[PDB]
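Only one chain comes next, encoded as structure tokens, the form solved without this ligand.
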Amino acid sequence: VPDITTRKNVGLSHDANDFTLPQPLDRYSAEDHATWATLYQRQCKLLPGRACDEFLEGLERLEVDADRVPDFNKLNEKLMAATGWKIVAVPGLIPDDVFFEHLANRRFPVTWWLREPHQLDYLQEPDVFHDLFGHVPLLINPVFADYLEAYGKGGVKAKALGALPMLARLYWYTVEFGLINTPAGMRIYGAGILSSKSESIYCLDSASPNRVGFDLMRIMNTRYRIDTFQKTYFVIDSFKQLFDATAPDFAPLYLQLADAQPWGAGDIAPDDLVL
């Protein structure tokens, strides 16, 4: 049983070093554009009062197509002038070192293909709607864009054994599933939540999960689960705080956490500050 990444990339090559390729525009059907249109309108009706304001405005400022899979090159004209970043198409999942290298150079990899109609909510493997709709708009906030860039640079430098899981955890709990407390109430900045119907509602509506204040060392030592609703969400007060977190060189931090047993995705640590 071949995964969608394989079926979608048949007859398509990718750079051996950075896994990029020109966006294969001819490969989007009429149905894919309708699938995109459906995803897009469904999220936009859920996000008011949910997504943080920066996300909403980035969507507006970049003019992410509402009715068809965006043309990466066109979007880049705006994204580059506004933030200094560009998106590059990748075939699907790429190696971490290649991913860190892109972020370090203000390139955001985006899986080019779209989920098939039979699918629809945060399926196995991220796709263009998740990657583009969920990740790209926030780059409109210069501090969050600076955070991503610093995160990639730290990744390029990481050597210590155990560092990769720690950085995967940090990325997951901020970039993919992060929440942000605002004067108007708790909001969302995580891509894995913003491109998902179910997660968008759950992360702000459920009594079950823990909602914990951002804490760097705690996060890097916290497991996460892939196919279920998150059991813990980490909350930042501002993007600056997120950026400031990348200020220290992480080298000694990996060594400190290296032998620690990690927290379960559902645990509450002694030093947590919980909602």
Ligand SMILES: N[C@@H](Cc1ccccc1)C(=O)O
The other form holds:
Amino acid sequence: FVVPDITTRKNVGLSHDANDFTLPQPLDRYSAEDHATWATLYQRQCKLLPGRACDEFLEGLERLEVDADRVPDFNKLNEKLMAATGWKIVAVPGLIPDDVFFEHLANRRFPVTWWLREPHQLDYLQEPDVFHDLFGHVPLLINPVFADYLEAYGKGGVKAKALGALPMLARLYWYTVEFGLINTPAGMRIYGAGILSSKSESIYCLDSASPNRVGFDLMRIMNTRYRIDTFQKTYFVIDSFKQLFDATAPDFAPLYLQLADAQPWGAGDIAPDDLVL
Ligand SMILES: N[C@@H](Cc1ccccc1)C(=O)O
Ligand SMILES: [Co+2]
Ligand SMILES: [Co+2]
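Can you switch from the form solved without this ligand and show the form deposited with this ligand bound instead?
Once more the chain from above appears, this time first in line as the rest of the complex follows.
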């Protein structure tokens, strides 16, 4: 009744560092099928995302020379990424402990799951994979304000861990880095990686009247649950990456303590103070 999960299967014969969870990218393990899956996913998103993704995202794909036709060589991408904002990507086996993830970000390393979904999982994979982590997350690292936000978020891990507040930080990450929307004069656009790599959440999040699109509010967000197994019911909207960086700059310690005994909002709740857009 129990079978090895995709993370376990993909990593057989491989190792990882016991402290930081990294390994050299195993290039020999990508089959022709992997490159074809990558090319299909990349083509699909590049057709769907113009006028949906924020323009910075599309520019990042191009400036970083993210390969269209094969899984990218992480070292090669790093040459461009390092020159831009002093970040690099590191390969990891899949999901890693929160404190290790934060320590990477604090040091301007972005952890990327090395392996790719199988063609049968083309439409959707639950686990992060190299398409979601690299295509979805990495292009916005060219934006210096976004990159500074990620670094600051990483640095925030130490205080959060010490206060038992990692789930509150996780909610902020989920509702920004993973599933954030950004308002523009041309209309709302997408910056969250979990939407940018998705087959159809990119359509729903902008085109459907169903989800609630709520103005960013730090306390609301850190008090809001999310689910990992369907489309989001609430998206939070920033006005700029600068607004995001500034709103998250103050001391979170009093915010964590006030939220500690609070009843969190459900993934589909509208709070009394929400700016609903
Ligand atoms: N300002 C937060 C750190 C942080 C920065 C950016 C994003 C998330 C958290 C703190 O006091 O710990
Ligand atoms: Co292990
Ligand atoms: Co992600």
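Rigid core: the largest C-alpha set superposing within 1.5 Å between the two forms. Shifts are known only where both forms have a C-alpha. Positions refer to the first chain, counted from 1.
Trainee: With the two forms fitted on the rigid core, I'd like to know which residue in 160, 93, 186, 98 is displaced by 2 angstroms or more at its CA between these two forms.
Mentor: So the only displaced C-alpha belongs to 160.
Trainee: Once both forms are fitted on the core, what is the Cα shift for residue 198 between these two forms in Å?
Mentor: The alpha-carbon displacement, core-superposed, is 1.1 Å.
Trainee: Would you mind giving the Cα movement of residue 121 between these two forms in Å, after fitting on the rigid core?
Mentor: Once the two forms are fitted on their core, the shift reads 2.9 Å.
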